[PDB]
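What follows is one chain in structure tokens, specifically the form deposited in one PDB entry.
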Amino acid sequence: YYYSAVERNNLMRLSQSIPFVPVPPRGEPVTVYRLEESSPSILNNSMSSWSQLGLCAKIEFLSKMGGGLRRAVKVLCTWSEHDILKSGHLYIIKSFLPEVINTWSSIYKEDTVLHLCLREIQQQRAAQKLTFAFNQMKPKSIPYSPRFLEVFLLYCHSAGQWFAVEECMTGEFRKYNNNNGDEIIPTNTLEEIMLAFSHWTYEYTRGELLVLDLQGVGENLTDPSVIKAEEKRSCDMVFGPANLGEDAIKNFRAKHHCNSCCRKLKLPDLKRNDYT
């Protein structure tokens, strides 16, 4: 029937040279592994185990960031297999500094960086399990709910190295307390709740564990330090790579200042006698 000129033109065009400019892909493809949970809806009673099947994710570099032991860059995830990472979402990728790798070079014969990453991610998951328990038991009078971002393990061939990746938060990033026990002076309810949380972890684990270095945006936290409060040696004191002083626990008990949240949580004074 009707065989237009547009239709004809578009057909005939295919018979001739159409311009083609091969442009290498944008960004880099990377492999992602997840630390899975046997019971997500009940994270504190769930078992953590590493996934085996690495899924691909496509990331594009945007910018950057530096803290203590890591270098961080902000990226965009344009796509990923089975949505292991959310497409159209911003992420932060972290890698350990030279000194840090050089410090655990002895502790970890081969795949030092890989192990450092595994431990770092496992550390944040531990904190996560504690915030989860916290939100389950805290009184209804306590509004907010601390939460740690999930971190994923990442392998990049481009760079030929292992990294940790997590969602990028938007807003003013702030540190509520640190590895030496210093705390900000709570100017609002949320900050109080955060400060009370570190106290709560100690009491909740019968003085066995303490989470310091609470930092993030709002109630969303990341990069915590999970301290085995009874270890008498730094080398075996922290879950993942962290800058700790052996005075940490003692310092926290001395410096911490209980607030209306600590009281709402019915938490005992950290200065009390441990055998009383």
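Numbering follows the first chain given and starts at 1. We call the rigid core whatever largest set of C-alpha positions still superposes within 1.5 Å between the two forms. Compared with the form deposited in another entry:
- A movement of the C-alpha atom of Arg13 reaching 2 angstroms or beyond is seen between these two forms when the two forms are aligned on their rigid core.
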Contents of the next structure:
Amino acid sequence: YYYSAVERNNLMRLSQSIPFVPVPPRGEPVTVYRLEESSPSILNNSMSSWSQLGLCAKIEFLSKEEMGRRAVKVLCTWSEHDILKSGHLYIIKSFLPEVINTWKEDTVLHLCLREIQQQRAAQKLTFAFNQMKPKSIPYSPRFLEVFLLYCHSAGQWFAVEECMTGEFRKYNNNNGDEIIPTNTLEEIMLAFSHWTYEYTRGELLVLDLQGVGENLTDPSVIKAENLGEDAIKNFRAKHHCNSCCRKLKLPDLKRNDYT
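Moving on from the form deposited in one PDB entry, kindly provide the form deposited in another entry as a structure.
The text that comes after this line covers the one chain and nothing more.
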């Protein structure tokens, strides 16, 4: 008994240098931080603490288009521990160097942590809203998680979000101006903003509801204490309640806060 020709052959092969042609670096090196939640199981009731240890990841810089504080579309090749979806499309957002000069120094980084936080605030409301809303209401609005990202080559901080593709429309804006809903999906969205104002007892109001269907993005959270006093008012003058505001049993907006 000895080694077949097949065997003898494969072994002799190894003895000599076999070819080695490594495909080149398909992508750009990046590190990403996330806003961690105490108990995510119950979003609304949870403390938001930033992460200290950044995950290494890689993203291929797809387009040369900066749509706008613009944003770029990039592809996530690999993500450490799979924070980002290794194999899906993300949006990289950032602000203008001028809207930055309008400050607080080293602005860029902060600005991003704030936007990611503002969005998390919306998410908490959303979670709370969907958590205690009559089973009559079919659609549940939702915001995707936003991550802090740090580019090395470009050397700058960005906010990253799961990029969605589909029918994108604006349900209302930080001016108080809203659209006249048609489908029920449209109604719920518009009622939600009204809701946040009630729930938070006039403390906050989520505006700029936009996105594709149920999945929302780039909202705008407003505090009563411009956008603070103004937007909160226009919205109350402008807003037109609907089927949901009824079903949610929410008091009219345009009325006296002393009765």
